[PDB]
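Residues per chain, in single letters:
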Amino acid sequence: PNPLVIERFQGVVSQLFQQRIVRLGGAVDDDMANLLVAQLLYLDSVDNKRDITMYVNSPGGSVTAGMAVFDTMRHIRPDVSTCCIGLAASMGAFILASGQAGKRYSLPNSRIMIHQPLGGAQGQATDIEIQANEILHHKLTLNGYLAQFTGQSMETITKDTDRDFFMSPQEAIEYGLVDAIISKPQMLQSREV
Amino acid sequence: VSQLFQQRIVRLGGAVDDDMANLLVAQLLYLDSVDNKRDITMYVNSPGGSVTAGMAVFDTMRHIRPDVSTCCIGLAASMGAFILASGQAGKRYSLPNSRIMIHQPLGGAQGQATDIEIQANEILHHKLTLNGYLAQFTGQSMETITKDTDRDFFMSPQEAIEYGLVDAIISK
Amino acid sequence: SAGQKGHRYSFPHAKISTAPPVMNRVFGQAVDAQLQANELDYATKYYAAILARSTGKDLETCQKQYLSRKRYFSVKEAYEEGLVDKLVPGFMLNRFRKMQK
Amino acid sequence: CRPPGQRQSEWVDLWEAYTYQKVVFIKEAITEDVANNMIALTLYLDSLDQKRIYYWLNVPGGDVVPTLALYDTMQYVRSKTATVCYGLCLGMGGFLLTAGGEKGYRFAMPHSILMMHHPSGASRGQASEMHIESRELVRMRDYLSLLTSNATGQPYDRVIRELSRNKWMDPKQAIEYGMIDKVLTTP
Amino acid sequence: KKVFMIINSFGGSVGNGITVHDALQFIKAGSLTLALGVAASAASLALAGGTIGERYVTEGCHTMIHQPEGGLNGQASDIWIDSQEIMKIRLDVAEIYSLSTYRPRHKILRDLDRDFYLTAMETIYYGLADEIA
Amino acid sequence: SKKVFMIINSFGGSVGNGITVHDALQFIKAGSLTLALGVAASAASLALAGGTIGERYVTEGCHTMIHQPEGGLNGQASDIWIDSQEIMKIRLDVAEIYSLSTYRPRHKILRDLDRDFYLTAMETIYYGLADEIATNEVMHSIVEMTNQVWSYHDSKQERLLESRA
Amino acid sequence: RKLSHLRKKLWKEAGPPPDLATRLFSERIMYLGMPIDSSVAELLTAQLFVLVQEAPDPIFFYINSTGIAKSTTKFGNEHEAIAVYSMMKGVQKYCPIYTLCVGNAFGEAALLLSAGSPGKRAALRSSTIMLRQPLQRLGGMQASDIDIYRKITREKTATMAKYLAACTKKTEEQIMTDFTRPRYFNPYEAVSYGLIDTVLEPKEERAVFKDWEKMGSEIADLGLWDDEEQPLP
Amino acid sequence: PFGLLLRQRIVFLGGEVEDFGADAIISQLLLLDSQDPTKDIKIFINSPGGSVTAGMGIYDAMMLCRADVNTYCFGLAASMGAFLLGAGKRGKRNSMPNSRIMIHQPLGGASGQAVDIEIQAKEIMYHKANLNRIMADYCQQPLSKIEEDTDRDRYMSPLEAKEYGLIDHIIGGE
Amino acid sequence: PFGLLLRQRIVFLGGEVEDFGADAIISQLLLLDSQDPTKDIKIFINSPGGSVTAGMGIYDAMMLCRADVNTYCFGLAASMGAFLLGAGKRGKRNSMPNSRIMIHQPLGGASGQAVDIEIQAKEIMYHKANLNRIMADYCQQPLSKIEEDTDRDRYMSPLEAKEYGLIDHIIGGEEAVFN
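Chains as they are written, first to last, in the entry's author numbering: chain D, 42 to 234; chain F, 54 to 225; chain I, 124 to 224; chain L, 41 to 227; chain M, 346 to 478; chain J, 345 to 509; chain K, 1 to 233; chain E, 17 to 190; chain G, 17 to 195.
Any given hint could turn out to be false.
Claimed, not checked - Covered stretches of chain K, going by a simulated chain J footprint (3 or more residues, C-beta under 8 Å): (1) 19-25; (2) 38-50; (3) 89-99; (4) 110-117.
To be clear, the hints were calculated from the coordinates, so they are not data collected in a lab. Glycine included, C-beta positions come from ideal geometry on N, C-alpha and C.
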């Protein structure tokens, strides 16, 4: 909320950007996704081989903005490796899963949440038909891509994501979303006999 | 503020909060990093503040290397007054027309009998700690200081000279 | 004050106070504010007339004492000046009753 | 629907006139207020004598604890209870529609819309506070599901799986499902 | 001896119109329904609910007919379920209009689609009313 | 008879209003039984003190409160001074009431006013706000007193209903 | 004397009146069914005074209260419950007071549940009787209030414990050790503790067993790493 | 003033932890890992805590840093500044002598119905188990008394907490 | 443009005077003193009042300055700008021919326990005495007359003030002084 502290944060973000580290923070919405797409397209422009790293920390967001980010990730030449720090909920999870195959990492204590799209519909009855059909199409596309990525069947994803599915990162390695956990060796405390 | 900041001037202005305390602490730590000898001066003008933020500022003032001379401009009230009273000995100045107030801590609480009793005895802890430090800084005993802090004690700069909070006046 | 002489009652801890009349904020030229001042001066002279008839004092005196600044009267000060005349009939305190028992 | 309708000799309010005939019209979603009024009315009506109490419901929803309190009051009274559905019975209203007169005394108007869903709720605090609240709400789901299953005759496990989302029914689906017993017509 | 329902309602939820229609049909002695000024959807159902042969509209009155409205909120499957019920409501309203107008139900559904306005004579011809005051 | 019955369970109220109710209870020529249930803040405590001596009962779980009035001032410097004189004179009024209801020294009562002072039933008797602790047998006696006093009106009502029926 | 005139009040005065409150007061029924507050306590005291004055005939007291309020909304004081409780204890020697819990009785109302005449004190089998965590959600005080505040809350909490031991015939040490977290009894547990004397089972019971939901399958094979399926009942 | 310390490898975790502030701190710690894999990183803490999601993210970032992480406490470390205060290297956790440290168990948010509340209660049981585990790991204390003390919010003086295990030094010995 | 004027040792005090506004002006005067000790400062006062605390802060800063601090009021100087304008060096206070000068007491209040109410009444009474004592000295008028005048709500033209002792010169030669 501090414009000067926001200026510190944008300084840090730009210094990161020079290292091809892109940031997915806060709810995915139109403007943040447009900025994120611009960053990815520029980092494509600079070099066509060096890997991009996408830090992911989001409690959610709209499906169309998240799909803009997802398609931009999959279009560019460099392999985007997604890394979840904090929590990746329901579109941070989708973006995190959508990262380059073999390069989806996560920190040990992070939290990965998947569930079917939330939304709304208002208007006359026929407009509600239209909007319900569109939400169901978003659900079908998200579940199809999650089944494609995680290696499960579309039925298993459809039934898991039906409600809020929370997972620890070792759990997400086993499930299929993440591909490794980034932690450093810690000195082994010795217990008694 | 920067125009003052390069002059080794740290402004404790307005009622203290945690954001103001963060800014003061960052300024003080940076200024100690720049020069550990040459002095820091600090203008005090505040009607109060949270006790924890004031305690943070007071500890940051204490353990850094330059002496933090405190000059009161305008007013110092019961939490800015404690900060003013904590400047380096011999270097707690006042302007001739400034006023100095001391009074007990404040704050609310909500919850079960246990939780709000815990808040009650932490407020007692704040009161004890502040009285002990004020006794260290003025020279008066725990009893006189506790009586003074018990009820709103408005004072003139001169009285604060003979009551120990300030070291001198800037009539110079 | 405007009750019958000899028949103005109060509770022994009633607070009485007399203040100048007050208008509410209206906007305009100097003429509108002058008109309001004229109206407020009619009101002040009216209250001074009633208080002169009640407290038995000079009219301008009653204007000066009461209506000139917001002044407070205890029951005894108000009785001293003719504001009130008596307590309510039959007022007898509790421990006083006890000690007459 | 205000005008007092004439009674045995005087003008009495429409809803008071109805309750003079044991008929209890419930027309608002069950909040603490309406539930208390209807619990009080049920107790007094059982006090006058024991004949039967018809409940005409137009309930579009409501809160869980007040509805269960009203249900327990209906079951506590000596006089039997029949529930008719004028308009619609949603959620806890659809649960009250399965609260009176198990033996074939739940009716519905032909175009009445019926809906049941697992009771909602929301509460936060400490971690352990959320444990206590979550356990209580699961107890509540299970109790209302036992009541629904024993009212309609559907398997308990079926009800659990069905009502997790919203469940909507036309009166023909409600007869076939066991929710109600008869549909009112011109007779 | 016959409920004489004067109708002048610029709007209302359609479900309440259905409920009043059912209440009307519930009593056995016929119902007269006289519309004044306007009879919108929740009251157009009430107007169509009177006794065929005894439903009157006034020269100035206009009849509104439209599909029900709704707001939904929740997960994707909640939205699907809620859409399914609003469709059930619209189908029921079309059925009621078909019973009163004796016109193809699919045609009535097509006419419900958007807001539909009928003058007094078009109300008579459509079938919602029988005579003019 | 016509001895007034005040039932007091009040957690607040302006002090001036408590003084008013106290004096009102005072000018009634018959007795006045005041029973405090559960609580009586400054206003309600002044109401309780105003009952007839020998009939100011307080229930075991009742907590009265002696404290000075809480105010707020807005105006010029002379307005500030004259209004603070309001409030100080009201404090002296309350000290006078508590002395002429408790026999405590007005100095000690003023100190008790300075910092809000809560009192439980036994201590409330001790200072002099109430005479008897309303325990269950006392409460039984009070509802008996209500029985006897209301029964005259009840008998009048009996005869009227006999006529009408 | 007054029996025939309760009758006559019914004939001329108390039959016509429309208000459900008036009909209930005619039937000597006091429905405590709302967060108990100052207005509620004064109403109940007025009702109970007049109900005594009518006759030594009994009183019915239905309790569906969520405490002084819900924890998510501003609380009142604990003094309303003490006021009503003391009025009831004073009344009881001259008038039986059946106290019946429909629905819920949280904290303060639990006292009002336990304050009915012994042997005439019941709760429905599907009710809950909560001795909830003590108390005061009012948090609008300052530090200048600390010196008084402790001497209030104990002053309130301990007062309740005492009254609860005068209704359950228990040791106040147990009640103090039980306050620390909201402990809410079943009706049978309540009769065991002493809060109520009977439990009102319904004429007919509906809810049956649900233990047929249990799986009972074999223990998992040691060579079957279970997947991460997190299900719902 | 903060940026002029960010060149001296200092991070201010002041104020309530929220999504934006925690995201900023995570970004700064990524940056400081980038600049030098060896030089010390000092984190100053002054906070009544915040989200347990964001706090656990900061914890993960702190234990991602291949550099050393010092923690210093200014004034209030409460319920997530305490957790992140103890998370510094063993032997490099400091507080001001007049700082208050208070330990606590997480808190959750609200969306929906009883199944959703089940989901969130499972989340928060997991979070409480994880906080107790890690906290009882770096304090070298059994899980029994960590479960006991976290459930009761009790402020602690730096010497008291140092005996507890959160901090290794007090700046001044006072 | 204010940078060039600050180079010319001209300080503007315009609009409502407040705590932060005071700290800024105090700093400007200290800078102008520590840079140059022999060259006068000019402070321009167009202010409808302020806080007594902040006003006395600026007044202390003005009285510390070795370099004689002139003041030049324009438009309004209401009850706290007027005091500061009267606190310039004697003989070097100026005003525009049609500025309006007001002398008046401060407001206030208090709440809760009337202990703080009596303390606030004592503090408002201190402010009254403090301001009036220095006002009497520079206006060169009896303290009783100053105490009476600081009560009365009233504006005055710079001609009336120049007679009253507050200001000393009118910029315009009293040729555009209008009543």
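Status of the hints after comparison with the structure:
1. 19-25: violated (count 0)
2. 38-50: Our answer is that it holds, as 5 residues pass the Cβ test (under 8 Å) against chain J, meeting three.
3. 89-99: holds (count 5)
4. 110-117: Violated: only 0 residues of the segment 110-117 of chain K have a Cβ under 8 Å from chain J.
Checked against the numbered hints given earlier, this structure breaks hints 1 and 4; the rest are met.
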